[PDB]
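Q: This is what each chain is made of:
There are 2 protein chains.
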Amino acid sequence: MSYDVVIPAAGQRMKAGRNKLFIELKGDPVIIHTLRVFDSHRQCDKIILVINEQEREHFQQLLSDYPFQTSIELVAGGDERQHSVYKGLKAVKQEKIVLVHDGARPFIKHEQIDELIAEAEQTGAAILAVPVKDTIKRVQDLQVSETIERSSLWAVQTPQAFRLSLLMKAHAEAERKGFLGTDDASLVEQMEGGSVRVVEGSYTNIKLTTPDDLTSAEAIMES
Amino acid sequence: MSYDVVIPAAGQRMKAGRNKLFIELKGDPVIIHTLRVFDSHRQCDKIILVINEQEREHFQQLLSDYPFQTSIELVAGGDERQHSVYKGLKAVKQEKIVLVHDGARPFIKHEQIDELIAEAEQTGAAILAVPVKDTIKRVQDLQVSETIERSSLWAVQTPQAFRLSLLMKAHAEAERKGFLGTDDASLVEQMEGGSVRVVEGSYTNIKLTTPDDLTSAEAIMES
Numbered sequence: 001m002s003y004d005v006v007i008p009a010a011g012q015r016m017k018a019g020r021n022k023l024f025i026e027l028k029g030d031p032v033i034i035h036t037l038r039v040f041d042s043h044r045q046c047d048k049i050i051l052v053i054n055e056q057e058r059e060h061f062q063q064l065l066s067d068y069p070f071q072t073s074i075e076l077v078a079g080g081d082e083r084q085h086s087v088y089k090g091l092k093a094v095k096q097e098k099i100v101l102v103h104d105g106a107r108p109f110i111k112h113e114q115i116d117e118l119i120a121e122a123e124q125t126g127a128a129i130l131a132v133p134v135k136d137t138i139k140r141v142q143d144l145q146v147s148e149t150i151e152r153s154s155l156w157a158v159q160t161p162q163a164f165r166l167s168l169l170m171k172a173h174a175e176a177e178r179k180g181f182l183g184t185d186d187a188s189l190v191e192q193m194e195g196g197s198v199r200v201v202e203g204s205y206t207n208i209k210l211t212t213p214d215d216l217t218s219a220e221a222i223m224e225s
Numbered sequence: 001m002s003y004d005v006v007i008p009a010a011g012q015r016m017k018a019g020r021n022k023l024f025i026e027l028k029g030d031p032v033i034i035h036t037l038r039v040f041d042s043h044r045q046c047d048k049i050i051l052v053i054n055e056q057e058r059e060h061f062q063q064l065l066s067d068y069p070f071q072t073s074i075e076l077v078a079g080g081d082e083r084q085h086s087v088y089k090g091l092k093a094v095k096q097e098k099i100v101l102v103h104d105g106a107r108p109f110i111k112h113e114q115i116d117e118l119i120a121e122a123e124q125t126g127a128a129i130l131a132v133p134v135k136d137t138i139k140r141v142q143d144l145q146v147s148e149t150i151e152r153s154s155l156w157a158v159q160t161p162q163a164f165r166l167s168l169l170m171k172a173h174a175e176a177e178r179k180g181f182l183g184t185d186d187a188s189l190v191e192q193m194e195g196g197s198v199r200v201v202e203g204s205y206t207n208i209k210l211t212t213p214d215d216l217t218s219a220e221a222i223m224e225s
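Residue numbers (UniProt numbering), protein chains in the order written: chain A, 1 to 12, 15 to 225; chain B, 1 to 12, 15 to 225.
Do not rely on the hints blindly, as some may be mistaken.
Said to hold, decoys possible - Below 20 Å or equal to it, Euclidean Cα-Cα: the simulated EDC-like pairs (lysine to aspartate or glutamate) are:
#1 B:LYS135 <-> A:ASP214
#2 B:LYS98 <-> B:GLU75
#3 A:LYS28 <-> B:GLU224
#4 A:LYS179 <-> A:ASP47
#5 B:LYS98 <-> B:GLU121
#6 A:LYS135 <-> B:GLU194
#7 B:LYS209 <-> A:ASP215
#8 A:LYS111 <-> A:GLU224
#9 A:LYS111 <-> B:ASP215
#10 B:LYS98 <-> B:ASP47
#11 A:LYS135 <-> B:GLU202
#12 B:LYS179 <-> B:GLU82
#13 B:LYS209 <-> A:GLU123
#14 B:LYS48 <-> B:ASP81
#15 B:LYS28 <-> A:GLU220
#16 B:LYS92 <-> B:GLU82
#17 B:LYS111 <-> A:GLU202
#18 A:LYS111 <-> A:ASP47
#19 A:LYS28 <-> B:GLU220
#20 A:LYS135 <-> B:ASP215
#21 A:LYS98 <-> A:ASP81
#22 B:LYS17 <-> B:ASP47
#23 B:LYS135 <-> A:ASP215
#24 B:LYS28 <-> A:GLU224
#25 B:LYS135 <-> B:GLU121
#26 A:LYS209 <-> B:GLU191
#27 B:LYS135 <-> A:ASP47
#28 A:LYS135 <-> B:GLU97
#29 A:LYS111 <-> A:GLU97
Claimed, not checked - To spell it out: a stretch of chain A is covered by chain B in this simulated footprint if at least three of its residues, at any positions, have a beta carbon under 8 Å from a beta carbon of chain B; those stretches are:
#30 19-31
#31 143-156
What the hints assert, rightly or not - Computed footprint of chain B on chain A, listed as stretches where at least three residues anywhere in the stretch have a Cβ under 8 Å from a Cβ of chain B:
#32 34-48
#33 73-84
#34 184-193
Derived by calculation from the structure, the hints in this document are not laboratory data.
Each residue gets a CB set at the ideal place from its N, CA and C atoms; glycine is no exception.
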């Protein structure tokens with residue numbers, strides 16, 4: 001059915019007003035492009051944007067500049083990405099499917115979200131990923147220590163979709179024992195019996211941090 | 001000092019004339035864009051293009067359409083990438099630095115090649131790579147089996163630069179015992195005491211296979 005989306009926007015870090023999500027892409031902040039995807043999606047009930055308190059005013063101003071039909075809440079985060087995601091998930095008001103999504107990934111398609119909601123509802127946890135295409139090596143001090151075996155390796159994207167109860171439990175367990183995950187899926191993996199499934203996404207679902215990313219973004223738009 | 005470059009162009015596979023390297027990028031085949039990089043590079047002595055015999059005529063026609071100052075030889079390859087690279091290295095006429103390079107990586111910069119020649123000459127073997135930015139997971143039947151620990155992982159590019167004697171030895175040893183490597187560095191790694199170093203490259207040094215790659219290419223050009 002429907003979902004809430006939590007987007008961590010605390011910078012896991016820049017000074018107030020200088021969030022990487024405010025970098026303009028064809029004249030609109032990256033975050034705007036991302037927000038419009040979830041706004042136009044019929045099954046997205048609400049957007050939870052997890053922020054640093056200092057940047058609240060900047061986000062408020064930005065949202066008044068760009069109004070949306072879909073409800074958007076600014077929820078204060080913490081000092082790490084995981085802590086922030088969890089404070090976000092604490093603002094979901096009933097049991098339902100929850101997505102967690104990178105603000106700087108504006109090219110997610112409603113098709114992919116739909117497929118991810120189906121899996122999360124079916125089995126509890128799902129992530130978007132694509133096959134790794136390049137050889138991967140582990141390297142100590144610019145010296146190759148090994149070549150990682152490529153056959154079944156996937157590059158992980160967002161969103162990641164979960165039953166709220168499940169992801170909440172995975173966050174609580176992790177926090178109670180001081181485990182620091184990378185992405186949300188790794189918290190579920192860390193639980194006993196915890197299981198996560200993959201929906202294959204698209205190579206266009208890129209994350210925009212650096213200026214070369216903008217250039218690649220501007221070409222994905224125009225196309 | 002100077003080097004030969006071997007470029008495997010046997011399709012490790016398409017029918018004759020339909021090589022992926024003939025896909026036109028702003029009106030010139032991808033291979034042309036790549037060849038121009040090595041042609042304009044003062045230290046490149048020779049280009050060895052390893053082909054399927056069937057496509058010889060197509061390559062010959064393509065080269066007469068685009069003349070180059072730098073000498074280019076068409077050398078017949080084998081049925082795998084490794085076998086083809088090795089037949090290529092067999093046409094290098096004296097001991098020197100040899101590069102091996104993907105035909106479909108046209109955005110290599112002379113700066114990067116220069117840094118790679120320095121390392122290969124210094125320590126014997128060098129590769130271009132960039133830090134992995136995304137979470138990597140191993141996945142069986144769309145089901146995550148593990149999260150690969152990210153801190154020291156690099157995505158490997160070409161070229162890879164070696165002392166000819168060293169890479170030749172690594173190829174001979176591998177063939178004598180039927181070992182099938184992925185890239186050339188993995189053949190050197192497989193030798194006793196074999197050691198390979200990393201030069202950090204650039205995120206623009208992309209490989210062009212799919213149509214989305216073209217679009218990303220056309221934007222890297224224009225920029």
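Q: For every hint, state whether the structure bears it out.
A: Here's how the hints hold up against the structure:
1. Annotation: proposed proximity of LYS135 (chain B) to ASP214 (chain A) holds, straight-line Cα distance about 14 Å (limit 20 Å).
2. Under the criterion of a C-alpha separation no larger than 20 Å, the hint pairing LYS98 (chain B) with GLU75 (chain B) is consistent with the structure, at around 17 Å.
3. Taking the CA atoms of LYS28 (chain A) and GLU224 (chain B), the gap is near 17 Å; set against the 20 Å cutoff, the hint holds.
4. For the given pair, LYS179 (chain A) sits about 32 Å from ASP47 (chain A) by alpha-carbon distance, which is inconsistent with the 20 Å threshold.
5. For the given pair, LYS98 (chain B) sits about 13 Å from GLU121 (chain B) by alpha-carbon distance, which is consistent with the 20 Å threshold.
6. Our distance criterion of 20 Å between C-alpha atoms is broken by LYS135 (chain A) and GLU194 (chain B), whose separation comes to about 28 Å.
7. Between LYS209 (chain B) and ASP215 (chain A), the direct Cα distance comes to roughly 16 Å. Compliance with the 20 Å bound is thereby established for this hinted pair.
8. Between the alpha carbons of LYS111 (chain A) and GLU224 (chain A) the distance comes to roughly 16 Å, so the proposed pair stays at or under 20 Å and holds.
9. Distance hint between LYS111 (chain A) and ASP215 (chain B) is fulfilled; the C-alpha atoms sit about 19 Å from each other, no more than 20 Å.
10. Taking the CA atoms of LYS98 (chain B) and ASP47 (chain B), the gap is near 10 Å; set against the 20 Å cutoff, the hint holds.
11. Restraint check for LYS135 (chain A) and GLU202 (chain B): satisfied, since their Cα atoms lie roughly 18 Å apart, inside the 20 Å limit.
12. Pair hint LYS179 (chain B) plus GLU82 (chain B) holds up; C-alpha atoms about 16 Å apart against a cutoff of 20 Å.
13. Between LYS209 (chain B) and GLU123 (chain A) the alpha-carbon distance is near 37 Å, which puts this suggested pair outside the 20 Å criterion.
14. Pair hint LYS48 (chain B) plus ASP81 (chain B) does not hold up; C-alpha atoms about 24 Å apart against a cutoff of 20 Å.
15. For a cut-off of 20 Å, the pair hint linking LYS28 (chain B) to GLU220 (chain A) stands: about 18 Å separates their Cα positions.
16. Among the hinted pairs, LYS92 (chain B) with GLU82 (chain B) is consistent with the structure: their alpha-carbon atoms are about 16 Å apart, no more than 20 Å.
17. The straight-line distance between the Cα atoms of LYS111 (chain B) and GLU202 (chain A) is roughly 33 Å, outside the 20 Å bound, and the hint therefore fails.
18. For the suggested pair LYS111 (chain A) and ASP47 (chain A), the alpha carbons sit about 17 Å apart, so the restraint of at most 20 Å is met.
19. Of the supplied pair hints, the one linking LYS28 (chain A) and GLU220 (chain B) holds, its CA atoms being roughly 18 Å apart against a limit of 20 Å.
20. Under the criterion of a C-alpha separation no larger than 20 Å, the hint pairing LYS135 (chain A) with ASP215 (chain B) is consistent with the structure, at around 13 Å.
21. Pair hint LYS98 (chain A) plus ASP81 (chain A) does not hold up; C-alpha atoms about 27 Å apart against a cutoff of 20 Å.
22. Straight-line distance between C-alpha atoms of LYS17 (chain B) and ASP47 (chain B) comes to about 31 Å, which puts the hinted pair past the 20 Å bound.
23. At roughly 13 Å between alpha-carbon atoms, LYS135 (chain B) and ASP215 (chain A) fall within 20 Å of each other, so this suggested pair holds.
24. For the hint pairing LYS28 (chain B) with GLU224 (chain A), the CA-to-CA distance comes to about 17 Å; that is within 20 Å, so the pair holds.
25. Our distance criterion of 20 Å between C-alpha atoms is broken by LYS135 (chain B) and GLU121 (chain B), whose separation comes to about 25 Å.
26. For a cut-off of 20 Å, the pair hint linking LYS209 (chain A) to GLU191 (chain B) is broken: about 33 Å separates their Cα positions.
27. For the given pair, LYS135 (chain B) sits about 31 Å from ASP47 (chain A) by alpha-carbon distance, which is inconsistent with the 20 Å threshold.
28. Taken as a hint, the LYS135 (chain A) and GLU97 (chain B) pair is broken in the structure, with Cα atoms around 33 Å apart against an allowance of 20 Å.
29. Proposed proximity of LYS111 (chain A) and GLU97 (chain A) is contradicted: the alpha carbons are some 25 Å apart, above 20 Å.
30. Remark: the region 19-31 of chain A is not confirmed as covered by chain B, as 0 of its residues place a Cβ nearer than 8 Å to a Cβ of that chain, below the required three.
31. Check result for the region 143-156 of chain A against chain B: holds, 11 residues qualifying (beta carbon to beta carbon below 8 Å, three or more required).
32. Coverage of the region 34-48 of chain A by chain B is violated in this model, with 0 residues showing a Cβ closer than 8 Å to a Cβ of that chain against a need of three.
33. For the region 73-84 of chain A, the assignment as covered by chain B is violated, since 0 residues bring a beta-carbon within under 8 Å of that chain's beta-carbons and 3 are needed.
34. Using a Cβ-Cβ cut-off of 8 Å, 5 residues of the region 184-193 of chain A lie near chain B, which meets the minimum of three, so the contact claim holds.
Hint check: violations occur at hints 4, 6, 13, 14, 17, 21, 22, 25, 26, 27, 28, 29, 30, 32 and 33; the rest are consistent with the structure.
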